[PDB]
Amino acid sequence: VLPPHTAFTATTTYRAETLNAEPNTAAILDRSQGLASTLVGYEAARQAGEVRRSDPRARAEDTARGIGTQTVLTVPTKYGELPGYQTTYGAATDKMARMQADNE
Amino acid sequence: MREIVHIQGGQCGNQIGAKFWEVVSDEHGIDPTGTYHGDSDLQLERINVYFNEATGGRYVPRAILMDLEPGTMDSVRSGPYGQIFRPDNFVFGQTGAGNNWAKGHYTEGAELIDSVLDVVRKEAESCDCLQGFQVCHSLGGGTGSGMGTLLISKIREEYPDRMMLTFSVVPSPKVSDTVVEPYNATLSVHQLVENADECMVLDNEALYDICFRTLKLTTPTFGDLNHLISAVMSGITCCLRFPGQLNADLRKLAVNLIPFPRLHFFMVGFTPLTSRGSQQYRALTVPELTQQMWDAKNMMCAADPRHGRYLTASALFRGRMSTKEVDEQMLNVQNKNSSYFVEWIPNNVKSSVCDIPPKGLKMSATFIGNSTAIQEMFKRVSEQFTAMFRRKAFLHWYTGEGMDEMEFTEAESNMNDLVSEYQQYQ
Amino acid sequence: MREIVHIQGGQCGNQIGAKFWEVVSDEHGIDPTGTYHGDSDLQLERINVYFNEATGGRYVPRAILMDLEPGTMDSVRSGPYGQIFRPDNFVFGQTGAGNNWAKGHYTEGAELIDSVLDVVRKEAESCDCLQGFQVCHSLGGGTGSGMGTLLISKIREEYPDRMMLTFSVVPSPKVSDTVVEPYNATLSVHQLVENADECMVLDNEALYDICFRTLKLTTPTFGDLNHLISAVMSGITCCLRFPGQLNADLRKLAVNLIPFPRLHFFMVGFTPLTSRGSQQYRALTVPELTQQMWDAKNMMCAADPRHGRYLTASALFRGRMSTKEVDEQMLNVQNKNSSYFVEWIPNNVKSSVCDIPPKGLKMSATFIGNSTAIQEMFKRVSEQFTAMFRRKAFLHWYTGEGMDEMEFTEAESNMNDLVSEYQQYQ
Amino acid sequence: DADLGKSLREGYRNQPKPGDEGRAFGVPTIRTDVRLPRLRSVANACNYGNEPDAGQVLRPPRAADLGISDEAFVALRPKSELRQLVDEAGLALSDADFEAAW
Amino acid sequence: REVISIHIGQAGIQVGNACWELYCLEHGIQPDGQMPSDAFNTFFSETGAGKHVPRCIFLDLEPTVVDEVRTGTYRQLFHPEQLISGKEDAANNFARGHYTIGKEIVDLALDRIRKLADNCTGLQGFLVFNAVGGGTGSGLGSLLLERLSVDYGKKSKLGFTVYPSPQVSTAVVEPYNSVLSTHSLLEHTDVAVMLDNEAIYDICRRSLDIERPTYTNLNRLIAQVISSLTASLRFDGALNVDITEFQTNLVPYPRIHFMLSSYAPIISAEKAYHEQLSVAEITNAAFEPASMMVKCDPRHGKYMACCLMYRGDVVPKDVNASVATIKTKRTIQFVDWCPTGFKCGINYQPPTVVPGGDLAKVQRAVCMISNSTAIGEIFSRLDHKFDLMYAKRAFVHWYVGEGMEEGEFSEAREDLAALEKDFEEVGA
Amino acid sequence: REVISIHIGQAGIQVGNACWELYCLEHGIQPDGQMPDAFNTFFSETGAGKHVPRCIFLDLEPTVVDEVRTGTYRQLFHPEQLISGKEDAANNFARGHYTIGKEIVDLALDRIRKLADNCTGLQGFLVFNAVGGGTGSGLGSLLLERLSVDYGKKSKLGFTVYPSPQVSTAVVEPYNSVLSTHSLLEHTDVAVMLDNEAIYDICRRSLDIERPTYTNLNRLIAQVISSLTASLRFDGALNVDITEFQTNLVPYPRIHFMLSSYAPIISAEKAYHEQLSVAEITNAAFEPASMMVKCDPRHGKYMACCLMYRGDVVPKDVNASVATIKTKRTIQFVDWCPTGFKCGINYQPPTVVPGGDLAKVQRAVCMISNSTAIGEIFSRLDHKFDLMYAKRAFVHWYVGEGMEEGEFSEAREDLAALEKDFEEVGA
Ligand SMILES: Nc1nc2c(ncn2[C@@H]2O[C@H](COP(=O)(O)OP(=O)(O)OP(=O)(O)O)[C@@H](O)[C@H]2O)c(=O)[nH]1
Ligand SMILES: Nc1nc2c(ncn2[C@@H]2O[C@H](COP(=O)(O)OP(=O)(O)OP(=O)(O)O)[C@@H](O)[C@H]2O)c(=O)[nH]1
Ligand SMILES: Nc1nc2c(ncn2[C@@H]2O[C@H](COP(=O)(O)OP(=O)(O)O)[C@@H](O)[C@H]2O)c(=O)[nH]1
Ligand SMILES: Nc1nc2c(ncn2[C@@H]2O[C@H](COP(=O)(O)OP(=O)(O)O)[C@@H](O)[C@H]2O)c(=O)[nH]1
Ligand SMILES: [Mg+2]
Ligand SMILES: [Mg+2]
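Going line by line, the protein sequences match chains 7J, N2, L6, Hq, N1 and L5.
Residues 98 to 151, 155 to 173, 212 to 242 (the deposited numbering) are what the first sequence spells out, left to right.
Residues 1 to 426 (the deposited numbering) are what the second sequence spells out, left to right.
Residues 1 to 426 (the deposited numbering) are what the third sequence spells out, left to right.
Residues 307 to 408 (the deposited numbering) are what the fourth sequence spells out, left to right.
Residues 2 to 38, 47 to 437 (the deposited numbering) are what the fifth sequence spells out, left to right.
Residues 2 to 37, 47 to 437 (the deposited numbering) are what the sixth sequence spells out, left to right.
Don't take every hint at face value.
Distance windows between CB atoms, simulated [as the list claims (entries may be wrong)]:
#, chain 1, residue 1, chain 2, residue 2, range
1, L5, 59, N1, 338, 29 to 35 angstroms
2, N1, 76, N2, 395, 55 to 61 angstroms
3, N1, 333, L5, 28, 31 to 37 angstroms
4, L5, 281, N1, 220, 40 to 46 angstroms
5, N1, 333, Hq, 382, 39 to 45 angstroms
6, 7J, 144, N1, 164, 43 to 49 angstroms
7, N1, 28, 7J, 102, 43 to 49 angstroms
8, Hq, 393, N1, 325, 44 to 50 angstroms
No wet-lab data here; the hints were simulated from the structure.
Note that CB positions come from ideal geometry on N, CA and C, so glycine has one too.
Working from the sequences, and respecting the hints, build out all of it.
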């Protein structure tokens with residue numbers, strides 16, 4: 098028996114990215130905005146970021165710290219940081235991130 | 001615009017063509033009642049290359065079936081997409097060649113080839129601009145070999161300046177279905193080297209090996225083998241039917257692949273091929289397609305590509321892709337395996353990109369190589385032919401019908417000088 | 001970036017690798033289905049060193065399991081995290097070696113090594129910046145020692161510039177699991193002394209002693225020993241996967257630990273190992289870690305290190321720690337125990353610190369020692385080798401497959417000269 | 307795949323900051339949009355805002371010799387301050403005409 | 002002042018697809034073809058009321074991409090009579106494109122360009138777009154150039170041709186096609202602008218770090234280069250030049266016309282936000298080999314004449330200072346017999362971005378067109394790979410059966426060798 | 002006026018991480034990179059309200075580099091400057107100078123050249139490195155080679171972290187160090203020696219911190235660099251730029267290896283404790299307990315000393331303090347140099363970093379001097395180097411990379427000539 102059905106959806110490159118340039122670029126760059134440069138390469142990370150995107157203060161410290169919790173959705215998180223993982227760079231720049239979030 | 005008409009010869013050719021037409025109809029969104037039910041406008045654009053509109057949305061394939069036994073016609077009519085064909089392209093004899101090349105080329109041909117030429121003419125100047133003919137057949141049988149090759153000779157005489165693709169499945173000693181396979185094959189290829197424009201070489205052993213290793217199937221039936229071949233046919237003709245970033249039609253494929261007029265037997269393969277278990281553990285990238293493309297275990301011929309050198313190669317790609325990645329992927333694979341490529345030709349790989357992959361996939365590809373490894377297969381059949389001709393075994397069925405020993409002698413000479421030319425250029 | 005590909009050889013190697021991938025998956029936060037669900041993006045940041053992304057975040061390990069018996073593969077698939085391996089990478093024979101080095105290195109190798117090389121070549125070319133290979137196996141079995149050893153030799157021929165780790169478990173007379181242990185181990189190390197870049201030596205007697213005394217487990221099954229070995233692997237490879245104050249990669253550790261080219265056999269230990277009863281009452285400090293690190297009975301080999309001198313030592317610390325504390329502890333332990341260290345090398349200890357400890361712990365440490373104590377074990381095995389070879393007992397099962405006498409004589413000679421040069425530098 | 311035409315990495319992306327959808331990413335040659343320095347240094351090869359034209363400095367207004375810079379004229383000034391300037395100078399003009407001109 | 006554009010082949014008309022979108026964005030014309038509320050006069054002729062039709066002809070043998078454009082949203086811009094479509098491709102065969110199928114469509118092409126020029130008033134010259142590697146762009150392009158030269162002769166023909174890259178390629182007989190193209194490209198067109206593919210690939214990998222660039226990015230960048238070239242005609246500037254100053258100043262000898270091109274600053278949004286942008290460093294960026302449209306090493310050659318177009322907020326003082334610094338710098342050496350080897354130009358309108366593009370809007374930009382001998386090295390490199398295939402007579406039989414022979418191959422090879430000697434002689 | 006910075010190695014770029022944080026705090030530039047002329051010596055102003063540093067981070071292992079990239083200072087350093095490799099040199103001088111060298115130094119120079127083109131009054135280069143490792147040693151020496159051959163006449167200040175006598179973490183760092191010196195002797199114009207164990211002693215005795223990490227050491231080094239550059243950055247009563255350093259501190263072209271010290275190394279409670287004035291801080295900046303390199307200056311004679319005072323300081327009392335120092339007999343100078351002091355005064359006091367261990371003080375002193383303690387350090391290193399070289403240990407790695415024995419012998423004899431040079435000069 099033949100396969101049930103498969104819809105035709107693929108468009109040509111000319112119709113795709115030199116005629117719908119604005120929506121194409123909008124969607125492409127909306128896929129990955131909050132991810133870090135060394136982190137964006139992974140599709141799992143991209144999906145995690147999209148679901149995460151789907155408190156203003158907490159957002160401020162998150163965007164100031166940068167690489168803290170971009171793909172989060212056992213170990214409970216404390217008010218300042220996570221028990222298991224605490225990098226030296228974060229320990230050094232905690233105060234700078236705090237003041238940057240305060241200014242934001 | 002560009003036109004391709006199809007001819008189906010013999011039992012194997014008829015089944016392969018039936019599967020091919022099913023696949024093409026699914027791709028173009030026409031249901032087996034001959035009516036259109038596609039969704040995207042991209043399907044309407046190039047349905048004149050394979051179909052004709054009759055009346056009220058009825059699309060009929062541009063194909064001609066030709067055989068000698070009602071069993072094949074009944075089998076292709078019973079199955080799905082069997083009622084879309086054309087009853088007057090159902091041109092048809094009654095006796096049966098009985099796996100005899102002399103019977104297929106001299107006895108029943110003399111009374112069916114007039115009719116098949118009349119119908120193929122009618123359909124050929126029914127259209128405006130022919131691009132090529134497309135005939136699918138075997139090289140071991142009786143009906144598809146002899147009558148098919150005489151049809152090729154007639155078409156070459158009547159239209160000299162059109163492309164012609166002949167999709168030929170070839171025999172092997174390991175899979176011998178008839179005892180006169182080298183006898184039929186030698187004469188068929190003797191006619192092909194002088195009349196055919198280019199042939200796609202296929203064989204059952206490599207298809208079974210693929211279904212064993214890569215597909216990991218347990219029951220690789222003839223339907224499955226014909227489905228693989230039909231997918232390859234759709235892949236090679238995809239450029240004429242869909243737009244791409246770098247278009248490559250049949251004639252430029254020929255001029256890029258063929259360096260010398262006699263070297264037009266090409267080995268072909270398809271990607272991606274993954275099992276149901278391993279489809280979830282695999283990526284879909286240009287390097288991922290390339291490593292499978294250039295694998296020897298992906299090949300659908302019983303000839304080791306690493307046993308010789310590649311004269312030329314071509315890679316058709318389907319999907320939205322990075323032309324840069326394609327270019328440096330071919331460049332890197334050529335630089336790495338430098339010994340296996342010919343030296344006096346730089347840039348041995350011609351790559352093309354199209355924007356429409358097959359339905360349900362993300363990225364697909366077809367590989368067409370013109371290498372010198374097929375001289376092994378030609379020696380393989382030549383030794384068998386000499387061994388049986390040494391004492392004229394099984395020969396009187398040809399001699400008593402009109403065949404003479406001279407034709408066998410010229411066929412042997414052609415095989416010898418062809419493999420000599422392969423060895424010379426290797 | 002840096003890429004490590006894993007190879008598991010034989011039954012013990014396969015089980016050890018299964019536990020290794022369980023613990024690494026737990027560390028990186030990917031479930032036994034292959035989907036990420038972890039807590040920190042520092043896990044994602046360096047998953048590429050061990051995993052490949054297939055479809056929609058389906059991360060698969062970059063490991064090849066290879067053996068000659070379906071039972072090990074069946075057990076690997078039955079266990080949890082056994083569904084994350086790519087089914088294509090299960091390269092696998094059918095007949096079995098049967099604790100025969102000749103069968104694993106000359107007979108079954110001829111039909112399995114080509115496939116394993118093909119798969120490993122695919123997996124190594126799939127990566128961008130290759131760092132090294134890591135192979136887990138034994139020196140007493142047949143299909144684990146000889147076959148994996150020939151694999152190592154072929155790999156070293158193909159990639160003479162890349163990193164290589166050999167995790168080898170070795171036997172002892174007290175626990176003699178097979179009868180041809182010296183006959184196998186002598187040849188295995190004979191090939192390793194020029195093939196592998198470094199081999200880290202394990203044994204079951206030391207693991208049993210550790211579990212009895214320090215861990216106070218009642219029934220230390222093979223699972224616990226494999227867990228200890230896997231934890232050591234994670235410790236030795238954590239520097240690539242996580243940042244720290246002072247990073248040391250595999251090449252850095254090799255150049256720090258290996259003074260002369262032939263001296264690349266190490267003995268390793270892990271800390272802290274605390275009994276479950278005494279876990280609550282015991283402090284967590286850098287001296288706390290160092291005290292259990294330098295415990296001579298905490299080593300994982302039956303070569304009590306105080307019977308010789310240390311050439312080089314290396315300590316990989318994990319956790320938030322004080323560098324002044326670390327290097328002052330190293331200075332104290334090296335100054336007070338003056339006689340146990342080599343005199344013509346100041347500062348015999350190389351330290352490195354990573355900020356990310358293993359899950360569930362605060363501070364951990366992996367100790368790697370390159371000392372002259374292993375000459376005792378090598379003499380201990382060569383004596384049994386000579387004793388058995390004196391009547392040529394069991395030798396005909398090896399000579400009747402391709403071996404002669406001179407290979408065994410050369411193996412004996414190389415053991416003798418290697419132990420002699422340990423004695424010289426002692 | 308997502309990275310088919312773009313970079314998609316945060317360091318080199320083409321998406322500008324949300325504050326300004328369109329702004330000329332570069333350094334203007336006039337440097338008007340800079341806080342005027344408290345005391346201009348001896349050597350500055352770049353100008354700031356409203357410098358007099360070559361023709362106007364060649365044919366100067368009269369107060370330039372007294373020391374009033376050209377910018378003091380075009381500088382915006384308030385009602386009371388300009389009224390006081392008018393009174394202190396000898397304009398001698400009435401309130402109606404003052405309101406008309408203002 | 003007007004100039005007309007003809008696009009021959011897949012590459013040429015795709016570059017034109019990018020170019021016309023960019024031009025419409027620059028001049029404020031919606032794709033329907035009307036202006037909601047005279048500078049456009051060089052490209053668009055206003056027909057009747059509320060319409061603006063481009064001065065362009067796309068013509069090609071295969072109909073795929075042409076009717077793709079027909080079915081696209083730029084249907085109201087180009088009405089379907091300027092879009093000239095054949096029936097069967099030249100199939101990467103110079104002989105087929107110049108002898109078999111060319112003779113039928115070239116007459117209609119001439120008959121359309123004739124009325125285009127007739128409708129025009131002050132025609133400055135022609136500009137052609139093609140890649141010599143293929144069949145149509147080689148054969149039909151050469152034939153069309155020959156017919157246009159015998160028709161007009163005294164009008165300059167700006168040919169923006171794409172040669173095949175040294176190591177990156179997609180065809181097999183493109184050395185043959187390129188040699189046969191150069192045979193007439195040397196002696197018919199007046200100013201030939203060179204382009205490659207892998208050079209732009211490396212540019213996008215280095216500056217724009219697009220690890221996976223498609224043809225559209227390259228076409229957009231080439232379109233920006235052409236816009237920078239034409240900005241002097243389209244808008245007024247402080248120091249303006251038409252196409253005639255190029256024809257005079259940029260060529261020292263009647264045969265030496267092969268100009269390298271460069272653009273700056275090819276940069277993204279936050280990178281541009283990061284970097285301080287001025288005249289000196291963009292002039293510096295315009296001169297290293299890491300920013301040239303063609304992969305050649307200028308360090309091995311000596312410059313002969315260079316021209317620098319500037320767009321946006323640029324004064325003459327700082328560009329004069331930058332040119333002085335470049336002249337004083339010793340890494341790049343001009344030829345002795347040219348004391349003044351620099352020609353600048355400045356225009357007041359900055360480059361315009363295309364929405365969805367990979368470039369950010371910038372205060373000022375620079376386009377470089379220069380002469381050197383690395384072009385001669387490129388030609389020799391192509392000649393060697395031509396000769397290697399030609400020694401074994403590979404693929405000759407296709408051309409022979411088409412109707413062409415060995416004589417023109419011999420003549421083209423010796424012509425390329427003569428050009429090599431000419432470059433080596435002029436370099437001294 | 003401007004001076005540009007290059008940070009080589011995992012240690013160097015962490016020192017730079019401290020340095021640029023301190024600079025941004027001192028100039029009031031937020032981590033995002035924008036303020037809400048003095049900055050012109052370190053930051054170039056781009057766009058509208060944005061300043062970018064004149065620095066280049068370079069290293070081979072990407073872990074620390076992209077740690078910096080994705081940390082809090084993502085906006086400050088834009089990724090066109092943060093050069094990153096593919097694989098580490100594995101503490102192998104041969105690997106970092108001969109194998110990985112030629113594929114990254116070209117990019118480093120091609121970026122530094124256009125930074126130099128952007129800057130106008132370039133004072134010089136300052137490089138941060140540690141000679142113990144391979145990347146800091148090998149390609150650092152290569153970078154010095156190529157910067158010297160490219161400019162020559164421009165000043166280069168190399169701040170180098172030398173290995174300590176006893177407290178050590180590497181094994182082949184004697185080989186790496188001597189291979190570094192063979193080029194650092196002849197190429198860098200002002201080399202400043204730093205040690206880890208000496209700073210450990212300083213932080214244990216003064217800040218009474220019992221568990222110090224690399225962060226405090228880097229913070230103190232950054233404070234030293236800022237104190238040394240503040241004279242160029244800000245106006246003062248008696249201000250001193252890059253050039254007098256070379257003029258006054260380098261008696262002979264082959265003797266440029268300077269010791270450093272800083273005071274007051276004090277905490278908040280101890281700043282509450284003690285009165286900090288010029289006399290006592292000058293006294294504190296001369297005992298070996300506050301030397302940044304573990305060596306005894308009493309064993310040697312001071313060739314020349316340079317004293318920077320920051321904050322509320324006046325010429326009278328600094329002259330009184332230097333007079334007292336000269337009259338004190340405990341430290342003895344060289345006869346051939348009767349006047350061996352170079353003073354400098356700056357008005358803006360040292361700034362503090364939130365979370366730092368130092369307290370804000372009225373004034374501070376940074377001392378940089380020449381002696382023969384460095385000469386005895388070199389002999390101490392040479393002894394343990396030849397101890398290893400006697401057995402040809404670890405030489406197989408270098409020779410397999412492509413190095414050989416002639417240049418090992420050349421480095422050994424060059425350092426012997428150097429120690430003889432100090433011995434002859436000190437008399
Ligand atoms: N820059 C750029 N080059 C292209 C593009 N498409 C094709 N090319 C180049 O064009 C060369 C060959 O010419 P084609 O574009 O394939 O078309 P053609 O010249 O008309 O030749 P035929 O296709 O046989 O008719 C190839 O080598 C490509 O490098 C494109 O979109 N952009
Ligand atoms: N002061 C200070 N020194 C450091 C720091 N980190 C590392 N070091 C020193 O650096 C020396 C070794 O160099 P590495 O840290 O490995 O960096 P490297 O020189 O590039 O060597 P590679 O590992 O080959 O990259 C050690 O002896 C340490 O003393 C730090 O944060 N501060
Ligand atoms: N792939 C494929 N091959 C077939 C099929 N049926 C027959 N063949 C091949 O065709 C060859 C013989 O051709 P034959 O049936 O004698 O052609 P005939 O003369 O028309 O009867 C055999 O070697 C078969 O391998 C089919 O359904 N699929
Ligand atoms: N640590 C550990 N060692 C094992 C395990 N299974 C077997 N071994 C060791 O493997 C050695 C025998 O190797 P063998 O299984 O014969 O290797 P083979 O040739 O692959 O079958 C014995 O000395 C065991 O100590 C296991 O699960 N864990
Ligand atoms: Mg074309
Ligand atoms: Mg390092």
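Verification of the supplied hints:
Between residue 59 (chain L5) and residue 338 (chain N1) the Cβ separation comes to about 33 angstroms, which falls inside the hinted range of 29 to 35 angstroms. A hinted range of 55 to 61 angstroms for the beta carbons of residue 76 (chain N1) and residue 395 (chain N2) is consistent with their spacing of about 57 angstroms. Look at residue 333 (chain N1) against residue 28 (chain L5): about 34 angstroms separates their beta carbons, and that is inside 31 to 37 angstroms. For residue 281 (chain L5) and residue 220 (chain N1), the Cβ-Cβ distance of about 54 angstroms falls outside the hinted range of 40 to 46 angstroms, so the restraint is violated.
About 41 angstroms separates the C-beta atoms of residue 333 (chain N1) and residue 382 (chain Hq), a value consistent with the hinted range of 39 to 45 angstroms. Restraint check, residue 144 (chain 7J) to residue 164 (chain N1): a C-beta distance of roughly 58 angstroms breaks the suggested window 43 to 49 angstroms. The hinted range of 43 to 49 angstroms is satisfied by residue 28 (chain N1) and residue 102 (chain 7J), whose Cβ atoms lie roughly 47 angstroms apart. Between residue 393 (chain Hq) and residue 325 (chain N1) the Cβ separation comes to about 48 angstroms, which falls inside the hinted range of 44 to 50 angstroms.
Hints 4 and 6, counting from the list given before, are not met by this structure.
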